[PDB]
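For reference, the chain that follows is the form solved without this ligand, supplied as structure tokens.
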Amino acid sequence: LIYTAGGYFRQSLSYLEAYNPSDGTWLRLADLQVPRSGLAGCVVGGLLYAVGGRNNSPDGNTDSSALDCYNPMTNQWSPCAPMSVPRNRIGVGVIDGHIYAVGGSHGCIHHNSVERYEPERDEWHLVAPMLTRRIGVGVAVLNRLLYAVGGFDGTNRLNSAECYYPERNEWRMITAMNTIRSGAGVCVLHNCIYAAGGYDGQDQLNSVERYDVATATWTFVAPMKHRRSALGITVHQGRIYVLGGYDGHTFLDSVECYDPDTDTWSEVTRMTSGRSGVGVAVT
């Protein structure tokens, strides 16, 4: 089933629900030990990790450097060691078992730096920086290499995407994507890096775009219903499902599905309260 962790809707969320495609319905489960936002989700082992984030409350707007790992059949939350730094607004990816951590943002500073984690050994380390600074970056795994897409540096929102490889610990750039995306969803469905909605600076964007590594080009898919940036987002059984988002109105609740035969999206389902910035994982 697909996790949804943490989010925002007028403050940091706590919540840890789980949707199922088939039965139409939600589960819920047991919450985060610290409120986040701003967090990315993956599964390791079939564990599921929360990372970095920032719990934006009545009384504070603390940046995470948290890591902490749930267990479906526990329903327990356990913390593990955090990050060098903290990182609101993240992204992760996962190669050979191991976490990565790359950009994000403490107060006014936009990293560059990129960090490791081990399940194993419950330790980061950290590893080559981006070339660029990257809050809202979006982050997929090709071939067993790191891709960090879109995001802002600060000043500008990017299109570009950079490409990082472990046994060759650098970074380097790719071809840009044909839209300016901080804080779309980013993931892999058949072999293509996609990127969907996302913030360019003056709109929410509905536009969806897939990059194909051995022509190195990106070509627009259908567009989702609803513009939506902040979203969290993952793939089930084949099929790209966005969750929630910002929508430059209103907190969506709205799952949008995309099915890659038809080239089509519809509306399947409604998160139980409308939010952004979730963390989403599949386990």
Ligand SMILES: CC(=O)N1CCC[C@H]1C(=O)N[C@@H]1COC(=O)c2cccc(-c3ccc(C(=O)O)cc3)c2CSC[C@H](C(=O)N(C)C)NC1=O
Given for the second form:
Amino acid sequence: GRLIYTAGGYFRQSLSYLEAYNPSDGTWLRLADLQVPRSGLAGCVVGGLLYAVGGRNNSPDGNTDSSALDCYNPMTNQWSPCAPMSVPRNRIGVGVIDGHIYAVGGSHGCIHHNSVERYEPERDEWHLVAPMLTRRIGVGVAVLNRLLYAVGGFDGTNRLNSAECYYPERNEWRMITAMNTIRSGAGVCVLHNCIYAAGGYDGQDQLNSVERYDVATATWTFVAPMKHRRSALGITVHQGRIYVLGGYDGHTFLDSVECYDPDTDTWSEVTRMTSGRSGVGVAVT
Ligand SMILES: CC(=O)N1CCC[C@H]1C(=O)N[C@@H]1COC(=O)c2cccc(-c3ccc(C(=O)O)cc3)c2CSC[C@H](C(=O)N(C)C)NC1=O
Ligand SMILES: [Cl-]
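Now that we've seen the form solved without this ligand, could you pull up the form deposited with this ligand bound?
Let us now look at the entire complex, which starts with that chain.
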């Protein structure tokens, strides 16, 4: 059995929570807290280990952008620090190709990154790769066909509907078809050879619309929208379904967890998190 892990988040301040949901029985497990609270981080799994990458610790007495990479071992219930990134990256996007973690964009104070770096767990090292064509904070990242897609975000001036593709073998980025909607802080994931972009912020409101990119036709098509408008949501895929966790709807930090079934094109509320929060890092193992 696999669990959906949710790490960090924000509710009045950045959080340390690490909790795991079991879709088979609806139970939530309270696991060991992160050593440093963080929101706007991204989660991922490599070799059965959960990684929490970047983010920011917003505390009522000061904010700190994070360049940290922390590793959680489910067998020991222990977090261990890993080599930090070259720069702090809040509102980051993460993708895994061949057991290597790609940390994409994000912010560091007044800086909106276009830089991308790759982590090698076997060596415990980070190395910069080719930067994106566009600076992107709150970027959605998805791995499809061994290519890394960077979708939407905010470049410091405009929220984006554009998306680009990284070719690891060639070390280069290329623009792909832009989405129908401008989305910053959307949940981006891949399911059945399609990239889904759910929710986000279009510059005026949080979104409940969801669209998917078909690689064969290079088009984005809207599918059923979520029941709740949400930005800075967590997203993952489990047993052929998409799960969206928490987020912010413009006033409230959501506890709602929705599930998308692609066969019926429907969303449904499956559980609630123990408390409402936004900017969580999510992964399945
Ligand atoms: C104003 C502001 O951002 N805040 C004041 C200082 C602390 C900080 C604060 O409250 N952040 C917490 C955490 O949220 C994330 O982790 C988070 C994670 C990933 C992406 C994004 C994201 C960023 C920019 C845009 C875009 O503008 O295009 C869209 C999405 C966010 C921010 S979601 C907005 C919400 C907010 O503004 N208020 C006031 C509660 N922020 C949050 O939930
Ligand atoms: Cl933030």
